[PDB]
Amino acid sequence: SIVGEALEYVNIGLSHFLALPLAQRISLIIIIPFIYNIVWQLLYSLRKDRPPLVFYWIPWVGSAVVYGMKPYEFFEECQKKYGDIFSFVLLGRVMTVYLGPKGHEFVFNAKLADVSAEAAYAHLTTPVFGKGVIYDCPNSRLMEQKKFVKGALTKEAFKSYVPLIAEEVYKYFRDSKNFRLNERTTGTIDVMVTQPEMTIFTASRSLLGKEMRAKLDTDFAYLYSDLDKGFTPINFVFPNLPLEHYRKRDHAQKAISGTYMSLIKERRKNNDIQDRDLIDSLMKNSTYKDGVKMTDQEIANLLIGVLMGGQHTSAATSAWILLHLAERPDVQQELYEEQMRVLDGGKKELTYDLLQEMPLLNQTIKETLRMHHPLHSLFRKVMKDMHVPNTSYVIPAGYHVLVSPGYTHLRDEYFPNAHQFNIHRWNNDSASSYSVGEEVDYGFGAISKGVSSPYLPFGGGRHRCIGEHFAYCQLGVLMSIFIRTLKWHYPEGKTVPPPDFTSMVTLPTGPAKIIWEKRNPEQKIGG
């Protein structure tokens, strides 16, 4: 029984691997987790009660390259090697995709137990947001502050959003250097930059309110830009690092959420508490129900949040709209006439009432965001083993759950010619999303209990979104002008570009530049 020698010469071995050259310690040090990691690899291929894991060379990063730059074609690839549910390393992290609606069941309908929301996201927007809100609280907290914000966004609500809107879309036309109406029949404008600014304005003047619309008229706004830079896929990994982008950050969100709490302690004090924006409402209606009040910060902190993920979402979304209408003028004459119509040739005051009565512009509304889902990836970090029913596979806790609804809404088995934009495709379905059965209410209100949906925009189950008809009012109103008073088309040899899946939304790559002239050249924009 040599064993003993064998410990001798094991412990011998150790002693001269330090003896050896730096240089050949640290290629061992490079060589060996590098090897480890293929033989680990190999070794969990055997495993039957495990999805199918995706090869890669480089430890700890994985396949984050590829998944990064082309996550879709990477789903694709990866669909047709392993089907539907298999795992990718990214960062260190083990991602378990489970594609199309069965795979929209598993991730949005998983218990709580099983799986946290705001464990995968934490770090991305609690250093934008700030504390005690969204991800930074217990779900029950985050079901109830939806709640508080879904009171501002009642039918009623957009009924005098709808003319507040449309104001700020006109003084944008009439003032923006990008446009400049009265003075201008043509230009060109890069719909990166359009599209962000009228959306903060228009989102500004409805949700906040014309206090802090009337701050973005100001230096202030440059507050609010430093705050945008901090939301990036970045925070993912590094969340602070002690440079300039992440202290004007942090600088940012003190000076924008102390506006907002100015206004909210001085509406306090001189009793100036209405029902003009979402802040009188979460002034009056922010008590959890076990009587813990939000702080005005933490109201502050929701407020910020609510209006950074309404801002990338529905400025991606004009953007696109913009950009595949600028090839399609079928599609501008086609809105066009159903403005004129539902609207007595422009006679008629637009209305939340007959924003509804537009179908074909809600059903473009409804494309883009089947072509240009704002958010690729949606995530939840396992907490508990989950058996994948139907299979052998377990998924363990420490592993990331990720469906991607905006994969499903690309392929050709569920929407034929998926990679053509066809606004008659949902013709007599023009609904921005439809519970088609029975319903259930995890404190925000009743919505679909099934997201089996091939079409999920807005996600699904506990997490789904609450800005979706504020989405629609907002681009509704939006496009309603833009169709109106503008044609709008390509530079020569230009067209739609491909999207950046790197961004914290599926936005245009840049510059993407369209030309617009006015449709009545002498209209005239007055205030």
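Residue numbers count along the first chain shown, from 1. If you superpose the two forms and keep the largest set of C-alpha atoms that fall within 1.5 Å, you have the rigid core. Compared with the form deposited in another entry:
- When the rigid core is held fixed, the Cα atom of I12 travels 2 angstroms or more between the two forms.
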Given for the second form:
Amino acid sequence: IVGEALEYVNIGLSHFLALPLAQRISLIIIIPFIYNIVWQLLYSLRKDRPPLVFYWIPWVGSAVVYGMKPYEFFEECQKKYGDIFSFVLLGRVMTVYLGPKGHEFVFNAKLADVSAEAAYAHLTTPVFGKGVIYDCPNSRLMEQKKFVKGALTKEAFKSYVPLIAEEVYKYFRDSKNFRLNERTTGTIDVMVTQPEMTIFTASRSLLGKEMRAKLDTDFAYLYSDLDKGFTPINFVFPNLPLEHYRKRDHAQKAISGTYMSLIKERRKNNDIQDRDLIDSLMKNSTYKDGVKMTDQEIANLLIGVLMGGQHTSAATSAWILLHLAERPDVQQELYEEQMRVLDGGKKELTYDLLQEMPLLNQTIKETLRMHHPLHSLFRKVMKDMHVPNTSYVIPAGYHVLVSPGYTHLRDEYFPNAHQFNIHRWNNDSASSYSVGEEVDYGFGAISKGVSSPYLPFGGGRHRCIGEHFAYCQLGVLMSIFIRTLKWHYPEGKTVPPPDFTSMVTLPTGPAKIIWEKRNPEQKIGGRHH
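Show the form deposited in another entry, please, the one above being the form deposited in one PDB entry.
Here we give the lone chain, stripped of any partners or molecules.
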């Protein structure tokens, strides 16, 4: 009968629970291994799902290959499966949609369909603090971006340019990496100098002289502490009780405390001007429902703004230096533009004159094409998503992944994509531009279409608002580098490959260049010890 088989189910169960633990832990790995494999083969039979990349190790998925070489990973998947495909990543299912259609499917997705803050809050909230960026409803984000943008105006950039210039010259004068008054040539690691120059120039201009002054003290170590807490590791283990995580948390409290100290001091003195982003957020951080940002939230939002601009910009100036190091022809061409626009150095650099340096701006544009700082952008899917002109459905709980930086490197959209060529942007020197209709999500009119193959600043509701600041900063910095120095590689060295494991696609260090003064006898004035 069949009842006697049912007895043997029970018997077999009892014999299973009595196996030697050698065989039993052997089975606790062999069962999920086999089940994973069986599940994938079953999955490939669904026609309402994008092809899923095969993987051996459950939960881990394609994490290794994706983690180390994501563009190579995407190209292989693209050849095998086309532009839409899925892969497992440390517990999650990522659906990749490559190319301009993918830009459109993700950046222009319905607010109800996808969530950025659901993807990122665990990465950023620990670092920035509560109440801001991804620790708040999207509508709050939209207004925060409006608040920050309102400090990032043309009139602010006119005032930031000499402050940024002052910092670059102070760095050339005082830093051990240069000391131009004492040395006429030297070797630097751009992954040491550019992060420093970046935080010095961004602090001075966006936070002001007090906050810049504090980076000359041991307080600077908190920034370094806070900086470590910004790592992909936060995606799997956002909070685990080790030391790294406590120095981070301490840094957040300590730095936000310093900003709040200055904010409350400015208000108690009625010392509220138009100097910096701090003045600006103090005068302009009331939401449309009338709720005012707290001083804590203002401080946290300052941290997020500085942190965002820090890693994107520092990686970008590093790459610019690295590409130009093997292109003395491009340095020469940029130097001639500087001499023409600044009347042989006699004109002081201003924001308006920066806008008349198309080749310098094209050099930034081309670096951002070859080295998009963020190789992958994510959203969590909130509701089932039908993929147009397919029968594909992306179910809620999945994640979508868009990669404009991958398209940046495709010969079909950029001929000879792997060649650094600033002249591919001749008569097209703008950081970005909308080829047509606009829309406003709450922080200004931006392009409605997100189909450009070039999208260094993303698009849609989550689009960057830092692009003009980053061009101002990079522009001032590279204008001074060009006028002051020539540089090249040590023998046999060339452009390093990207390190894709970090949060930005920074160069693999150490990435060293050799500088020499164009004018060995030129002195940088000012007092120093």
